[PDB]
Structures are given as C-alpha cells and as structure tokens.
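For this depiction, one protein chain was excluded, whereas all remaining protein chains were kept in their positions.
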Amino acid sequence: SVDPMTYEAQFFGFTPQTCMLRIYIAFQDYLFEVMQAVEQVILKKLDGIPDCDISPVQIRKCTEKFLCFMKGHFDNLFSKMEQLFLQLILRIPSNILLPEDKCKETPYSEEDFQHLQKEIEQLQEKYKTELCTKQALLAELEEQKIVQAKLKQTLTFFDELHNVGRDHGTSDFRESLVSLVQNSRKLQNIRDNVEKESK
Amino acid sequence: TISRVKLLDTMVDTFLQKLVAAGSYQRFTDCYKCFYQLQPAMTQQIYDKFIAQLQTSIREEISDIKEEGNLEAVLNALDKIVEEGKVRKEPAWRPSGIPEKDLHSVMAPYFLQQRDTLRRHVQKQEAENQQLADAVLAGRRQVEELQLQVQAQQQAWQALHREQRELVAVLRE
Amino acid sequence: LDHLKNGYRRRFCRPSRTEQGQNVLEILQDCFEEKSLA
Amino acid sequence: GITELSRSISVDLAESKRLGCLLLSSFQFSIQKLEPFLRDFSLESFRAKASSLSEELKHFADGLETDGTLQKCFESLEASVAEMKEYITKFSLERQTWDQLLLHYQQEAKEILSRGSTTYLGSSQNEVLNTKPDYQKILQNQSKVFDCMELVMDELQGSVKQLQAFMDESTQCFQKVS
Partner (left out) sequence: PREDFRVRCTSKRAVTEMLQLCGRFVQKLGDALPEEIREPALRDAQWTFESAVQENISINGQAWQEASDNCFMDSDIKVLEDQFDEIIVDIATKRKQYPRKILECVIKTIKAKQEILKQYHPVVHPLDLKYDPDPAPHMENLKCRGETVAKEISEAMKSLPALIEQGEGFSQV
C-alpha cells in the first residue's frame, strides 16, 4: 500500500492524491454553499406566511438531515470517482517511459564509469606529453640540420683542397713525398760518391 | 483510445448523474415535509434551483481546474506519450533511489565521445611522432657517416707526416 | 451546517491496477454502483 | 505497595482471566482504601453493598470475558504511517544526495572554466629523445680539426724549406766543379 506515485507526480508537478483533495474540498464546499442557498431562501420566504411560524430552528435541522444524507452519498460517490480518477487519469501506465529520462533505460556500471573517466584523464595527459615530444623531435631535427651543413662544409673544404692540389702538379702529397725522398736519397748517395772522388 | 479529457468529463457527468439520482425529489421531500404541505410547487422550484446550481457549480469547478495549469494540454501530452510508446508492453524504467546510477547513465555517452576523441587525437600524434622520430634517426645516421668521412680525409692528410719524417731523416748526415 | 468530514486521508489503504480491458466504459459503469444504501 | 496487587493471582489461566481477577482485586483494593476514613452501624451497612455489586462485578467480568470485549485487550493505519515515515526519510536522503551531487558539478564547471585563465616521462619515443648525441661537441671537434690541419700544413711548409736548402746547396756545390 501507501503509493507515493513518485513518477506519476514527476510529469504532472503534483501528487494526484493532493489534487483529488483540492477537488474534494472544492465539491464539498460547493454542496454546503447550495445548502446555505436553500436554507436562507426558505428563511426569507418564511417571513411571509399566514398561520403560525413552523420555523426557524425546526426548518434548519431538516436541512441538516438532508445535508447528512447528501454527505453520505456524495462522499461515497466521490471516493469511487476518485479511485476512477487515479486509475484512468494521472497515472503513468508503467508501459510508458517519460522522455525526460530517455537515456537512463540502459544502465552504465560504475566500474566502467570510473575506469572511463580515469582513462580520459590518462589520455589527456598522454596527449599532453606526445605534443611536446613532437616539439622536441622537430627541434632536434631542425638543429641537426645545422651540424649536417657544417660537416658538409668541412668536407667541401677538404675536396677543394684536393682540387687545389690536383692542379699545380701533385694531386695528393703521398706519392710525391715518397718519390721526393727516393730521388733525394740517390742525390745524397751520388753526392758522397762524388766527394770521395774529388779528393 | 479515449482522450483523458473525455474520460474526465464522463466521470464528472456520471458522478452528477448519480448525485442528482441519489438526491431524489422524494428524498428532498420526505425530510422537508413541514414545507411540502404548502405550495408543493415552490418546493419544486427550490429543489430545481438547488440541483441545477449545484451541478453547474461543480462542472464549473472541473472546468476551472482543466484551465488551472493547462491541464487539457498536459493530459493531451500524456495521451500522446502513451500512443507514442504503447509498443513495448514491458515494464518501463522506474527511477531507482540511486541518483549516481541514473546520473552516470545519462552522462555515459558524453564521456564515451570524449574518450574516443582524445583516443583519435593521441593516435594521430603518436603516428606523427613515430615518422618524425624515424626522420631524426636517419638524420643521426647521416651526421655520423659524415663525421666518419671528415675524420677519414683528415687522417689521409695526416698520413704524409711520416713521409716528411724520413725526408728530414735522410736529409741529415 | 459547518459540520463536515475534514480529514480525508490521501494515501491510506486502497488497491492498485489496468491494461487492455475492453475500452474501460464498462469499468466506468462498474466502478460506480458498488456498496452503499440509504 | 500497590504493585503487590499484580503478583497476587493466577499465572496459569491465560491472561484475560487474570485481567478480570485484576479487576476484582483492584475493586477490593479501592474499597479497602476508602475504609480508614469513616466519620459516621454505618460500617455494617456498607458491606451489604460492597459484597453485592462486587459479586455483580464478578458476574459482569465473567459474562463479558466470553463475548469478546475483555479479550479485545490483547489485539492498518499504523503500518501505513510507518511506511510513510520511512519513505519521507529515504526521500530526504535522496534529496540531499541530489543537492550535493548538483553543487559538486556546478562548482566543478565554474572552477575548471575559471582555471585556464587565472620531453616528458612515459613518452612514445622516450628511447629516441634520450639517445641524443652532443652536437656542440662535434662542432668543437671541427674547430680543433682545422687546427690540426693548420699545424700539419705548417709542418709540410717547413719541410719544403728543409728540402729547398739542400737543393740550393747541392745545385751550388755541383756548380763548383769548375
């Protein structure tokens, strides 16, 4: 029992039972209003009578009797009609889900959720490292261009030196020197041999 | 498939049909005897005004609550959602008393798309860093193989030092 | 006058549900005419 | 010692009969409590009543012990009130959880939205960024390589004069053959 109708009131903005209570305190008050109408109308009509009074505390208790009858039948009828109102209206048939919470049909586990947000932070930081990794690689390459050009420059100096050497006679001073000493070694050998003869 | 406004009007109309029937003229007469002996036509007029003003008053009340907060449009919306969804026949999702479960259920997709966005971005950055790093490695290969050639020709020029050595050796007595 | 029923319990002791039930006109006439006499 | 009226009688005859016996014994207790204050035998005419309607109290308790009004002493609005008072605290707790859970994300969104204005570890290529050779060392290596080049060049240009002196000396000595 005791049904709060927490979903039936989510769509309407009020509990159906409270609305039925407001409807009741409306209808009953209207009934007693028309009873005040008939009572004071039979009271004003009473002043113009021949014979004796047959009134006024007598003519009121009768209105109280018919008022008790009307409260019985009106109360029962309102109870059944209110049950009807809570059955066919103001009721979410449980067959139907409101569009307010359309996505909550498929639940998402909390392990997958904490795992997912943790993976989100991890991938944020991971990207943040990959970016400056790109920056450092591009910087090391851009700076590496300079040392490559400098080594190419020194190699260009050595090639130009072998070109200035290739011209003027002696390409590389390796076969020349070993031929300069040998022909000199003879020039000394024939020098001594001509100093021993000149005596 | 009856509009809930029509069922409401039928419940009010039938409720009055059973109140005006329960409030029989005999029931208003046998108790209001003292008055009924004289002018049995004045009593009829008073009962008529009573019952008519009563039923028009209560019908005016329900007509006033239908315009209370646009309740006709609310009930028409409910009929719409019922017809729009009466295809499942299965018990719908009623909100369990765990706010974090529902909130995570609605928040899940907007976190999935973020996780996969950052996934694609970090994979693009990963591939770019891969190829770029390969270019760096090739550059290192080139600079080292250049240093080797510089040293090679340098030693090639330092080789004739010995040639000068035995040159000055044989040039001295 | 001024003597009435004032409590009117809002959520105390009443049964629940109805699905496809022959278009509920029958249940309209049947919810009335229950248990009451003068 | 009014409590002594309780333990006075009848533990084995259920509870309703003990309640009736409690009724009679309480009646006699009040009767005996009224006696010590009698001013004006007037005492003798009293018992003729007390015994009479005390016996009629015995037959009244014995009569309505059977019908049901006495045994109704020993046995749902309260249940639905309990379920309602549990529901209201459960929805209190849930309402608190919703308020706090909402303020959390509100101040989180305001904090992160007002926070951005007011080589790393675990990298993918972490091995490549750590095998970085010293390039300035290579530039200095060239700077001294050119110095070694100049000193070897000066050694050679010194040896060509070391030779030139011997060539002029030899070409002048061989001219002295005249």
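In this document, chain identifiers A, B, C and D correspond to the written order of the chains, with residue numbering beginning at 1 in each.
Definition applied: a residue touches a chain if its C-beta (ideal position, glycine included) is under 8 Å from a C-beta of that chain, and two chains touch if they have at least 3 such contacts.
A.B. asks: In the whole complex, what residues of chain B lie against the chain that is missing from view?
C.D. replies: Against the left-out chain, chain B lists 95, 99, 102-103, 106-107, 110-111, 114, 117.
A.B. asks: Please output the residues of chain C touching the missing chain, sorted low to high.
C.D. replies: Answer for chain C: residues 6-7, 9-11 touch the chain left out.
A.B. asks: To test your reading of the contact rule: which positions on chain A touch the chain that is missing from view?
C.D. replies: The missing chain touches chain A at positions 4-7, 9-10, 13-15, 17-18, 100-101, 124, 127-128, 131-132, 135-136, 139-140, 142-143, 146, 150, 157, 160-161, 164-165, 167-170, 173, 176-177, 179-180, 183-184, 186-187, 190-191, 193-194, 197.
Quick note on the criterion: only the chains that are shown with their structure count from here on.
A.B. asks: Between A-C and C-D, which chain pair is linked by more C-beta pairs in contact?
C.D. replies: Spelling it out, more C-beta pairs touch across A-C than across the other pair.
A.B. asks: Between chain C and chain D, what is the separation of their C-alpha centroids in Å?
C.D. replies: 47
A.B. asks: I'd like the Å distance between the centres of chain B and chain D, where a centre is the mean of that chain's Cα atoms.
C.D. replies: Result: the chain centres lie 29 Å from each other.
A.B. asks: Hey, what residues on chain A touch two or more of the other chains?
C.D. replies: Within chain A, the residues that touch at least two other chains are 1-2, 4, 6, 69, 73, 77, 81, 84, 88, 93, 95, 126, 130, 133, 137, 140, 144, 147, 151, 154, 173, 180, 184.
A.B. asks: Among all residues of chain B, which ones touch two or more of the remaining chains?
C.D. replies: Within chain B, residues 7, 11, 14, 18, 22, 27, 100, 126, 129, 133, 136, 140, 143, 147, 150, 154, 157, 160, 164, 167, 171 contact more than one other chain.
A.B. asks: Hey, which residues of chain D end up touching chain A in the complex?
C.D. replies: My answer: residues 79-80, 83-84, 87, 91, 119-125, 128-129, 132, 135, 138-139, 142, 145-146, 156, 163, 166, 170, 173.
A.B. asks: Across the complex, what residues on chain A touch chain B?
C.D. replies: 6-7, 11-13, 19, 22-23, 26-27, 30-31, 33-34, 37-38, 41-42, 45, 54, 58-59, 62, 65-66, 69-70, 73-74, 77-78, 81, 84-85, 88-89, 93-99, 101, 103-108, 110, 113, 116-117, 119-120, 123-124, 126-127, 130-131, 133-134, 137-138, 140-141, 144-145, 147-148, 151-152, 154-155, 158, 161, 172-174, 177-178, 180-181, 184-185, 188
A.B. asks: Quick one: which bits of chain B touch chain C in the complex? Just the residue numbers, please.
C.D. replies: 2, 7, 10-11, 14, 18, 22, 27
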